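S.K.: Residue-level listing of the chains:
There are 2 protein chains.
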Amino acid sequence: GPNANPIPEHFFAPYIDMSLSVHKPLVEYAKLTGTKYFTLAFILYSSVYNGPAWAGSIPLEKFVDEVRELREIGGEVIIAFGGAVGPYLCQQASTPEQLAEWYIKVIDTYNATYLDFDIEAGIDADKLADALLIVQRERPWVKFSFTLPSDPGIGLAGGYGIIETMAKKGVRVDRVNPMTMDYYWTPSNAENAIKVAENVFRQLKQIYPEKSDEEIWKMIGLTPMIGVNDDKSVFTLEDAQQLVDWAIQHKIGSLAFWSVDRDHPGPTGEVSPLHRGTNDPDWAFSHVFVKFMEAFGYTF
Amino acid sequence: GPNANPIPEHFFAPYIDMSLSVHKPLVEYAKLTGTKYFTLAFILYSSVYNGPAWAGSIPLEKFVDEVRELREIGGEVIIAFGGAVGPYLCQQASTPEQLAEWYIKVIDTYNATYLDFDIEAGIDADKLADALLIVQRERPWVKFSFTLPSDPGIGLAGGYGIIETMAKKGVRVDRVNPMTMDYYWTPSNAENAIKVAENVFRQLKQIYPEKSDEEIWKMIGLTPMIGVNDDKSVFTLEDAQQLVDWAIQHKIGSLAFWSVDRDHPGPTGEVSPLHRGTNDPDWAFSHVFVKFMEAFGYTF
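In order, the protein sequences belong to chains A and B. Heads up: the first sequence at position 250 corresponds to 250 in the working numbering, and the numbers run straight through without jumps. Heads up: the second sequence at position 230 corresponds to 230 in the working numbering, and the numbers run straight through without jumps.
Any given hint might turn out to be false.
For identical chains, the list gives no copy identity; a pair is met inside one copy or between any two copies.
Said to hold, decoys possible - With a straight-line cut-off of 30 angstroms between C-alpha atoms, the simulated DSSO-like cross-links for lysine-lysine are:
hint: 1; residue 1: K24; residue 2: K127
hint: 2; residue 1: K218; residue 2: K251
hint: 3; residue 1: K232; residue 2: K195
hint: 4; residue 1: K62; residue 2: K105
hint: 5; residue 1: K218; residue 2: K291
hint: 6; residue 1: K291; residue 2: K143
hint: 7; residue 1: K218; residue 2: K205
hint: 8; residue 1: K169; residue 2: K251
hint: 9; residue 1: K105; residue 2: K24
hint: 10; residue 1: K24; residue 2: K62
hint: 11; residue 1: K195; residue 2: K24
hint: 12; residue 1: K31; residue 2: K62
hint: 13; residue 1: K195; residue 2: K143
hint: 14; residue 1: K169; residue 2: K31
hint: 15; residue 1: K232; residue 2: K105
hint: 16; residue 1: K169; residue 2: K211
hint: 17; residue 1: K218; residue 2: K195
hint: 18; residue 1: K291; residue 2: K169
hint: 19; residue 1: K169; residue 2: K127
hint: 20; residue 1: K24; residue 2: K143
Derived by calculation from the structure, the hints in this document are not laboratory data.
Just chain A, same shape as in the assembly:
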């Protein structure tokens, strides 16, 4: 389209924490990472603007021009809400109507075609669903992604109930993206990310028994935390390669990771938003993950 581009059937759209002072133009990240698709994070409720804002305090429209520039090279974005810390719009909104109004304001400001709801806190799934029914009715071309905590012994946790609710309510679920990270009792590696994927596959088959295996895998995305995780375990470059090859083989819908600005080497084991605590060269993980898209036609 004139102001929106197509996202590949099998895509890699890593997370960019838009609030960081080190933030580079999206077109520059495209050149450095090799991918021209990104998940912009995170939109939260701002008391100052009494509405959506980045990190709950930065002007919503701040990155409109950056997105325009990215689209000029064929890139596209997914706008993410939520994250590890609130206040979420869905928590602050008093009614589903108000919540929908806020989501639609974000969609319209960025001519968004894909939204990601990163839910890591307790929320009113019924209110969220009612809001999304309004959103999909008013903006029928916008896809919905749900990024949720996961564990290799169970797949999705409380997030499973959120998807169950969406399905029952009739809310579109284009992508279910478990965060294959921070399990604490077992390491964040490829083996465990794959176990999570298999468990989530089973969970989605229970919600959508009429879907084929291929349709279920297409709904699934996986998002690891590169390098050192919050629990001190490390998702290595080897883990990245193993997961990418598994993802290609199973033809899943997408991959992403936390985060673009962390794809730099740094002091061993140090947790930071600016590097990953490993010694791999700048953009090393980005280049491995891009291989997932390249297997399915992508070239940049």
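Got chain A sorted already, so can you dock chain B onto it with the hints?
M.R.: Positioned in the frame of chain A, the structure of chain B alone reads:
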């Protein structure tokens, strides 16, 4: 005064992250915490305003009314620069003159009487000193505080060189406030905070051998991170009480902590800017720290 109130000789002014969406009016925090003095954090460089701004994006003048309201109940504030993330004004400034101009703009906007330079990254100390020589000349009634990383085996780390530089160049040093937190190799408790204080005492005596022990202690302030620290150790309520009693006994200049919005119970062991990961009731730490100030005349 007509436009500013006195800050106690021995005070407790905890940090408030002004950029948080949860931000309540300063007068409300005063009622809840028991202290009417706060350190407002953090002023950084903003490319949009090409000068000082909160969190590097929020308009500088945004909280002028809140400060005026706090002053109506006898309260006062310390304006903090820097913090864990940049860009710092002292890093962006092209000259000491421009840097001084920015600091003075902040002083004049808030009729500030106390500034805190929270330096957690490498900086040009000589340049900062040249800038502060200008500031103290033009605004001789403004006190200077330096908040720096610390470790129980050494006292101040690289930040010690900053204080040495200030002293050598003739810049006033009213407060040296080590951040008694995140040591990683040993826990963030009262015992280690005290060891840090003793080492800082030695460090300041080495710079100012002519000052009495009482004068040195008055220059010192201690700032722990309440509850769970970034390295996962925990500064408990018991640690808070032990530190407060030690501080009263040694008649040090001040206490503060990170942070006001974290003084709430929350999931055990979780690091967040909205709670402290311990089970103590709301405002429990604030109430303990206030005892330090009460010992020297404070009543609210």
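S.K.: Which hints, by number, does the structure contradict?
M.R.: 11, 14, 15, 18
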